[PDB]
Amino acid sequence: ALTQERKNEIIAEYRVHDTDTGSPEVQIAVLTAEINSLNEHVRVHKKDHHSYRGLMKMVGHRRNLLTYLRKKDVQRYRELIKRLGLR
Amino acid sequence: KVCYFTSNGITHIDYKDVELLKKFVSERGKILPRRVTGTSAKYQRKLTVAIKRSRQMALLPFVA
Amino acid sequence: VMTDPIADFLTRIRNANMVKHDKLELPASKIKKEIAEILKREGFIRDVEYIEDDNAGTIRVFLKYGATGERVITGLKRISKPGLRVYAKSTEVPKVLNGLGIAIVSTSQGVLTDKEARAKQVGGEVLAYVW
Amino acid sequence: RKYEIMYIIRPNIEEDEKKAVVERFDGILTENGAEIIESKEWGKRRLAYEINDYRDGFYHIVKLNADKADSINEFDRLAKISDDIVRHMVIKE
RNA sequence: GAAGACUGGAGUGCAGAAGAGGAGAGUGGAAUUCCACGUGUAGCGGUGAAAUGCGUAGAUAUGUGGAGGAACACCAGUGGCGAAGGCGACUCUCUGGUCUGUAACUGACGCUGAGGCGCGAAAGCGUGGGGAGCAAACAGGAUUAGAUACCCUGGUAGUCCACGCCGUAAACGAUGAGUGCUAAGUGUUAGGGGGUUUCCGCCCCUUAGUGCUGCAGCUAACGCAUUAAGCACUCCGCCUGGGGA
Ligand SMILES: [Mg+2]
Ligand SMILES: [Mg+2]
Ligand SMILES: [Mg+2]
Ligand SMILES: [Mg+2]
Ligand SMILES: [Mg+2]
Ligand SMILES: [Mg+2]
Ligand SMILES: [Mg+2]
Ligand SMILES: [Mg+2]
Ligand SMILES: [Mg+2]
Ligand SMILES: [Mg+2]
Ligand SMILES: [Mg+2]
Ligand SMILES: [Mg+2]
Ligand SMILES: [Mg+2]
Ligand SMILES: [Mg+2]
Ligand SMILES: [Mg+2]
Ligand SMILES: [Mg+2]
Ligand SMILES: [Mg+2]
Ligand SMILES: [Mg+2]
Ligand SMILES: [Mg+2]
Ligand SMILES: [Mg+2]
Ligand SMILES: [Mg+2]
Ligand SMILES: [Mg+2]
Ligand SMILES: [Mg+2]
Ligand SMILES: [Mg+2]
Numbered sequence: 002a003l004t005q006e007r008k009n010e011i012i013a014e015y016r017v018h019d020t021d022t023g024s025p026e027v028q029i030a031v032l033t034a035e036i037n038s039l040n041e042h043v044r045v046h047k048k049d050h051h052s053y054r055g056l057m058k059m060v061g062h063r064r065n066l067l068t069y070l071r072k073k074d075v076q077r078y079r080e081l082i083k084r085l086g087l088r
Numbered sequence: 013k014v015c016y017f018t019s020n021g022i023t024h025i026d027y028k029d030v031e032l033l034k035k036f037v038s039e040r041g042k043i044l045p046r047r048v049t050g051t052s053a054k055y056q057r058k059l060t061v062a063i064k065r066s067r068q069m070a071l072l073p074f075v076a
Numbered sequence: 002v003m004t005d006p007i008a009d010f011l012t013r014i015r016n017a018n019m020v021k022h023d024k025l026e027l028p029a030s031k032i033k034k035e036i037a038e039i040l041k042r043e044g045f046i047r048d049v050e051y052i053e054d055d056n057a058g059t060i061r062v063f064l065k066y067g068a069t070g071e072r073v074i075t076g077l078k079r080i081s082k083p084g085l086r087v088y089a090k091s092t093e094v095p096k097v098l099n100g101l102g103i104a105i106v107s108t109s110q111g112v113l114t115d116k117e118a119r120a121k122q123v124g125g126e127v128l129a130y131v132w
Numbered sequence: 003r004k005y006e007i008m009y010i011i012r013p014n015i016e017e018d019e020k021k022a023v024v025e026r027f028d029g030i031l032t033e034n035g036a037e038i039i040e041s042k043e044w045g046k047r048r049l050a051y052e053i054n055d056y057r058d059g060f061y062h063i064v065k066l067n068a069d070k071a072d073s074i075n076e077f078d079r080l081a082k083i084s085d086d087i088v089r090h091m092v093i094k095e
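Quick mapping for you: the protein sequence lines, in order, are chains o, r, h and f. Per the entry's author numbering, residue 2 is the first one in the first sequence, and the count goes up by one each step. Per the entry's author numbering, residue 13 is the first one in the second sequence, and the count goes up by one each step. Per the entry's author numbering, residue 2 is the first one in the third sequence, and the count goes up by one each step. Per the entry's author numbering, residue 3 is the first one in the fourth sequence, and the count goes up by one each step.
Rather than coming from a laboratory, the hints here were simulated on the basis of the structure. Where hints are given, some of them may not hold.
[As the list claims (entries may be wrong)] Sample of chain r residues lacking proximity to chain f, with all beta carbon distances greater than 10 Å (derived):
{"id": "1", "residue": "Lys35"}
{"id": "2", "residue": "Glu39"}
{"id": "3", "residue": "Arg40"}
{"id": "4", "residue": "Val48"}
{"id": "5", "residue": "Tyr55"}
{"id": "6", "residue": "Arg65"}
{"id": "7", "residue": "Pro73"}
[Claimed, not checked] Think about it this way: if two alpha-carbon atoms lie no more than 27 Å apart in a straight line, the pair counts; the simulated DSS-like pairs of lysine-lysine are:
{"id": "8", "chain 1": "h", "residue 1": "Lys31", "chain 2": "h", "residue 2": "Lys82"}
{"id": "9", "chain 1": "f", "residue 1": "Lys4", "chain 2": "r", "residue 2": "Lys54"}
{"id": "10", "chain 1": "f", "residue 1": "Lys65", "chain 2": "r", "residue 2": "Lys34"}
{"id": "11", "chain 1": "r", "residue 1": "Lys58", "chain 2": "f", "residue 2": "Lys20"}
{"id": "12", "chain 1": "f", "residue 1": "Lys46", "chain 2": "r", "residue 2": "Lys42"}
{"id": "13", "chain 1": "r", "residue 1": "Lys58", "chain 2": "f", "residue 2": "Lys4"}
{"id": "14", "chain 1": "r", "residue 1": "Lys34", "chain 2": "f", "residue 2": "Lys94"}
{"id": "15", "chain 1": "f", "residue 1": "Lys65", "chain 2": "f", "residue 2": "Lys20"}
[Stated by the list, open to error] Not everything, but these chain f residues come out facing chain r in the computed CB check (under 10 Å):
{"id": "16", "residue": "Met8"}
{"id": "17", "residue": "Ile10"}
{"id": "18", "residue": "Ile39"}
{"id": "19", "residue": "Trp44"}
{"id": "20", "residue": "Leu49"}
{"id": "21", "residue": "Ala50"}
{"id": "22", "residue": "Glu52"}
{"id": "23", "residue": "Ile53"}
{"id": "24", "residue": "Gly59"}
{"id": "25", "residue": "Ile63"}
{"id": "26", "residue": "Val88"}
{"id": "27", "residue": "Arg89"}
Heads up, the beta-carbon is just placed ideally off N, CA and C, and yes, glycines get one too.
With these hints in hand, go ahead and build the complete structure from the sequences.
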């Protein structure tokens, strides 16, 4: 997991306004950070399958959120995707 | 019967306290069943953890 | 409910009858209110009331029984489910129990009973059979 | 994150070298960014069983507030390799 | 279909809780086996009975010391966790899921899912290690009309660890997943609220699991019955007499 602070800087950095916590711009950023953190654990611990399932579930959830954001409002999607360096 | 730590509000069963743990082990060091001790399951788990942790440090005998 | 709320309404009424309940409350909707009004005006229930709340509102219905039970309403079924929707022409509107029961049809002038849909010579999606 | 280390020093030891081996491990924890909060000795006790040919020991307790988790590892290694400690245990809390 | 709006479905934030969930490293005590050394001496072991077998080249027994492997007594409980397989000694590092409480945030962002991709008990295969117990194949002794078996004395592959294959089972709740509705009574696990009491404590309410007994309802019957096999909606998989197969 990401330490509470490490999560909070990401939340504060990707806020669309002063008080949000659940907007897609925040959830996608946090999920990207978490799966990146899990990438190297999977790389070094290659026989941990019960955590690979969690990684796959996170990837699927983040993809669904990205699809929703793209459909609803394209400009936000194309700004955020460039900010996070996705694709 | 009534639980011990629940009555005395003891929220922590430390493994540095041999005299308290002497009550819950029989004449041979075997942990007494919860039915005889009369403690709650939640505190029984902590108690068993503490008994094993104390046994590891030669504070209590494995077999007496 | 998740997929089809009208079927949920019908099955709630059916479940309430089986154990001889007296009233039932459920979430409200613009079509459920009108179905309840048709049921009351036709004579299959006793009363309907609307209770207001924050999000959407609630509707309660008081069911009707004879002097010694004898369920006034003895059967409900849904015809046009989300997986298959059925439409009826003006000359194809079904007759339930030789007119003893009623069929609800959502025509171009609101939802109508089977009888009054044959007065305006209009048809549409059949929702439910009640008898 | 806080910690707690217990270890037993052999009985047949003299006060000077006993203090030397007491303070060597305190120093080895301080070699890394680990703040010691306590170093009190918990005293002579009689072992419930003979872990070695021995029957008694100096029980010693240390409190730490470390984060990097390397000080405890180095203590573990250089206390396992030494023959002036018979048994030790690190606990996280 | 399009343009808006909302929060009850879904998710995040904040405060708590429990757990044999998984991967890596280190450590512990009982017990079997073997080896060395004192005491001793005539048997030990084994079965329905007996024998094969071990022992005067001195065992079995008994006391001390040493070596190595595998599994973790008591706790332990229709208890817990995980999607399934499955997970039980202790400590540290890296990690996934779940529940309760709050109403702060987004505002339908959801369900199912052919083909695809991953996991998948045990036996089994390839390379390199390890081998204390156990034990397919095998040898001897017994029983039997016969005994390629049950029983007894031994015993190799394997059971263990590293990497890569295999992809099966009575892989079972013989019961696909999601949602809503429909009498009660009583145990247990993890939480929240309240009344009383000086606190422990007694009682009620409530959320999420796990057991039992039973009304309506269902079934050919046995039985299921708020953890449905009852009443309904969405999506998927499968069946159409037996043998051949
Ligand atoms: Mg919610
Ligand atoms: Mg745990
Ligand atoms: Mg674990
Ligand atoms: Mg031993
Ligand atoms: Mg001997
Ligand atoms: Mg589960
Ligand atoms: Mg708003
Ligand atoms: Mg699904
Ligand atoms: Mg498939
Ligand atoms: Mg195997
Ligand atoms: Mg092999
Ligand atoms: Mg033979
Ligand atoms: Mg054998
Ligand atoms: Mg099969
Ligand atoms: Mg087959
Ligand atoms: Mg099974
Ligand atoms: Mg089957
Ligand atoms: Mg179902
Ligand atoms: Mg209370
Ligand atoms: Mg329940
Ligand atoms: Mg239910
Ligand atoms: Mg059936
Ligand atoms: Mg045939
Ligand atoms: Mg045929």
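Interface hint for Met8(f), Cβ within 10 Å of any Cβ on chain r: 6 Å, holds
Taking only the CA atoms, is the gap from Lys4(f) to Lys54(r) under or equal to 27 Å? 24 Å, holds
Should the interface hint for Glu52(f) be scored as holding, given a Cβ-Cβ cut-off of 10 Å against chain r? Holds, about 9 Å.
Please work out if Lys65(f) and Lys20(f) have their alpha carbons no farther apart than 27 Å. 19 Å, holds
Holds or violated: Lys46(f) with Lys42(r), Cα cutoff 27 Å? OK: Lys46(f) and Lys42(r) at ~26 Å, within 27 Å.
Does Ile10(f) hold up as a contact with chain r if the rule is Cβ-Cβ below 10 Å? The hint holds - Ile10(f) has a Cβ within 10 Å of chain r, the shortest such distance being about 7 Å.
Checking one constraint from the list: CA of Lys58(r) to CA of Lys4(f), max 27 Å. Satisfied? 20 Å, holds
Take a quick look at whether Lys31(h) and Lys82(h) sit within 27 Å of each other, Cα to Cα. 18 Å, holds
Does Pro73(r) clear chain f by more than 10 Å, comparing its Cβ with all Cβ atoms of that chain? 4 Å, violated
Looking at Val48(r) again, its CB stays over 10 Å from all of chain f? 23 Å, holds
Nearest-CB test (10 Å) between chain f and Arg40(r): 12 Å, holds
For the pair we were handed, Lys58(r) and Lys20(f), check the Cα-Cα distance against 27 Å. With a Cα-Cα distance of about 35 Å, the restraint between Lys58(r) and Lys20(f) is violated, given a limit of 27 Å.
Hints 6, 7, 11 and 18, counting from the list given before, are not met by this structure.
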